[PDB]
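Number of protein chains: 2
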Amino acid sequence: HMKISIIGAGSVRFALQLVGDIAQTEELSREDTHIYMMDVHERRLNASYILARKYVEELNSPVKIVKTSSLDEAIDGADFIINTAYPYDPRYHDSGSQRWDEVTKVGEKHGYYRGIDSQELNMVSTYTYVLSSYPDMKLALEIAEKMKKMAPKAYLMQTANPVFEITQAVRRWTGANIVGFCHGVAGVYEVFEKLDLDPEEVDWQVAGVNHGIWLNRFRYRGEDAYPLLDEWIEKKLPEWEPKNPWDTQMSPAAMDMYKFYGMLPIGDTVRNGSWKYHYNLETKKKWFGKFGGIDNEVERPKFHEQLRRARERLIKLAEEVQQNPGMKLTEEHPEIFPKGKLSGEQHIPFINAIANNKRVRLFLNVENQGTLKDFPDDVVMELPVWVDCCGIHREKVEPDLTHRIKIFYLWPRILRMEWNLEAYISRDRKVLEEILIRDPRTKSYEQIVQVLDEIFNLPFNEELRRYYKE
Amino acid sequence: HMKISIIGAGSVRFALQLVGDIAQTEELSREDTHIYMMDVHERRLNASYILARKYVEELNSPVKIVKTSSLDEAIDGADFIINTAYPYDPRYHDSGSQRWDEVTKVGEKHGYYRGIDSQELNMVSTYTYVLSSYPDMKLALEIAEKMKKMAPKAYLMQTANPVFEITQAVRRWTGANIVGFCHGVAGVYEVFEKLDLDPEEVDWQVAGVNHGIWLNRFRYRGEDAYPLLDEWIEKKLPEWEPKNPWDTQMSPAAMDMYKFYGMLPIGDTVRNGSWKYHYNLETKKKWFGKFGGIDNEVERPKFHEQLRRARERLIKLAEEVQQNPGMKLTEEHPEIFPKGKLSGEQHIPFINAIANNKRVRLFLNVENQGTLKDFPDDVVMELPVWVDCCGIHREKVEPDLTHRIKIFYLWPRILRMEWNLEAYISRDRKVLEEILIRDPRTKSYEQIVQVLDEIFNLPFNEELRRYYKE
Ligand SMILES: [Co+2]
Ligand SMILES: [Co+2]
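Going down the list, the protein sequences come from chains A and A'. A prime marks a further copy of an entry chain.
Residue 0 is where the first sequence starts when you use the deposited numbering, and the numbers rise one by one after that.
Residue 0 is where the second sequence starts when you use the deposited numbering, and the numbers rise one by one after that.
Check before you lean on any hint, since a few could be wrong.
Intra- or inter-copy, both count: the list cannot distinguish identical chains.
Capping the alpha-carbon separation at 25 Å, the derived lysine to any residue pairs in SDA-like fashion look like this [to be verified]:
(1) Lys-429 x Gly-110
(2) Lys-301 x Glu-366
(3) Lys-468 x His-402
(4) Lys-137 x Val-365
(5) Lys-234 x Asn-45
(6) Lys-372 x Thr-401
(7) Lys-137 x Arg-216
(8) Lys-63 x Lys-145
(9) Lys-429 x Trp-410
Hint data in this document are derived by calculation from the structure and do not stem from the laboratory.
Could you put the whole structure together from the sequences, leaning on the hints where they help?
Following this line, the structure appears as structure tokens:
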């Protein structure tokens, strides 16, 4: 049997994406493939399970789908464990995004625009939680330790955030076989589209850290293609407009970073700029166009409300499936239940590469081990790799990242990772304080104490408060 | 002949200290030792020369003292070149400290308390100048390149600030035989005095970067002595009072850093804390006692005025020597012209070790070359070394610096060095801007542009403005 366990399968849309991809991958769509859907939130989990089962029936896939509320049962003997859990306490919240929103509001109350978790080169919303990401870190480490005992040959595929911090901590502190996953590299394809380049004719590479990746190689017809970006900047950037709040790859911010660093930041890296692009909403609109991007006080709550409505509709759709077994999810909701189209995401290609030797190029968070020679061997980087049944094989990164990327961007972000890990493992509030002492928004030490006090005293943070109790 | 050249010998008191030490070192107080005193400021230089010559006469030393206004003449065939020059333009200023004071005032005008050169872990006054330290860097590099051609066997002994940045840049960019000098390590002896320990019974070591050194080993009677510091903190810190504005080694700030980092910061490292200790004068007085330390808007101008008065008195004393050849400088001014007492500083012990094999332990700024294994080989560190005629021999640093010192202190300060070097060599104002974009005192990008504009437009910064002209 091939056991693929989705931890946090109450994240309905992602669970359905994974199931859909497995059921449309020939080498994996087999009777001996068992997909375990695990979560502690029964209403969400039941909905995901109902829709997943009806979905594979319509795809005429023979995969087995099992629902469980037991973490141990999901881990036991698993071949791949996909951690997409974003924990939350249903006594207070209906989503992990809600606990992030509420602590962010407390930060803003104390003078930290977009919350204390928003930091230079670290603006992506919902990425860390009170700096050290205690609930998310704790759960990943618990999974890793169970997996070492109950599934020693499994891969832990970490998708819940912070991918950088969690993958680092699990690797360093447990030695468990964890790999971090993020689709941010997909930004390159919009660069190629806006420059009118056939992507198949582009020789390209990216590298960096999660949400901190750079287009280090960009070549076309045997020449550097960056002069083509220079021409686009001069002729077309003035007319650029975001299609939606997430659209930033060709934004003024991205091009300002390219001018300074010498390479274009890719994907969510564009969100992770210095404070120059993020002082306030008006500044974000200058640098990202009319929406101000997605990491602001208007668009981020709006988006989280869209998610809530979307998941409630999926839960209702599951009730409809139970009442009308004759309906076709693939006909009435093709966007959610596609047939004959893979998602394009990396998770199931990874599984098919490891398990069935379908070799593929992916961008994964793995230990550097000398790929970027100026950084420590054990620091987790987002790197171009080839994956097959013999494991993960790092590409040579050529051209090297620029001097400015290293000293002004990667090293500061790597140090922040180390600060955050130290804040977690030390259980020492003084480390959280020191992080905010390096925060440009801090005006006084008393401000730091008070904002942390109020965050810790939120009712849903009792375990966190006790964790850090001096 | 043994040629020791003091570049910036118009720094009268330091020049006299060097001369006094040479003339009281048996292996160096010889007819074949020639001390060249060089500077471009004739009134200062003439005074230093007059007093130096009268001084060695009273010490009955046979050393030869030569005065020159020619840099090439001073460098030509030198064995040791001591760069203590702090350049300034006499059309505007009477000291290098004055150009620093005036740019600092402009910074404060634009909302940067204690000037843009004051940064986290980098509060020491007059250490950098408009971040990249253009005039000071430029002069050191000019000396290094002349020395490679005209004195290929010489040591360049860098004492002018920034010692870290300049020593790094000269080593990396010219490969010249430069070594950086600073006496900050002397703070350890006040620790031993306040804990009632015979210094000769203490087994100790420090290491770090310039003004960023830590008491990594502190042992007494075969045990860790840090518990003795813990007892002093509990019983005696509440009654601690600074003797003068420079007195900070046992201050609340120093002990707060010890509590966080696990080792005591030594010397000027105590001045180089986070912004926690430096938001404003009242905060500095909380953490450093009644003066607020030396790096504030009251004590630093007061001290620079004391320096001006002191140097004017020395210039007048030189006129008095010329009029009254019969007076004894050693009798009427023993503090300035000591006899039978070495200064305790490292410069002349270094020379006697290299030249005459009088081996000695010193703390010098030299390339890491694996001494602190987590940092690059070529980064200049302030390290414990033994010096003899075979050169500089790094001690093993044991215990290693703590994890927190590395990730929260040394790496950020090293990155700042790299930022500053990049700002210099790139000639790119955008790098200076990026440095201020990482500055907690920055409220907006427009503020950065305006403060840099006004600094560049000061009349005495014309060469600097043209250097950075886009
Ligand atoms: Co991501
Ligand atoms: Co110094």
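Right, here's what the structure says about each hint:
1. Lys-429 x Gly-110: within (20 Å within a copy, 28 Å between copies)
2. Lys-301 x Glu-366: Intra 36 Å, inter 53 Å, cutoff 25 Å: neither.
3. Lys-468 x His-402: Classified as between: cross-chain Cα gap 22 Å, same-chain 42 Å, threshold 25 Å.
4. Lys-137 x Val-365: within (20 Å within a copy, 43 Å between copies)
5. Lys-234 x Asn-45: neither (52 Å within a copy, 63 Å between copies)
6. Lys-372 x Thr-401: both (13 Å within a copy, 23 Å between copies)
7. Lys-137 x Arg-216: Neither way: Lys-137 and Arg-216 sit 37 Å apart in one copy and 35 Å across, limit 25 Å.
8. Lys-63 x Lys-145: Within one copy only: 23 Å inside, 78 Å across.
9. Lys-429 x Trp-410: Both, since 22 Å and 19 Å are each at most 25 Å.
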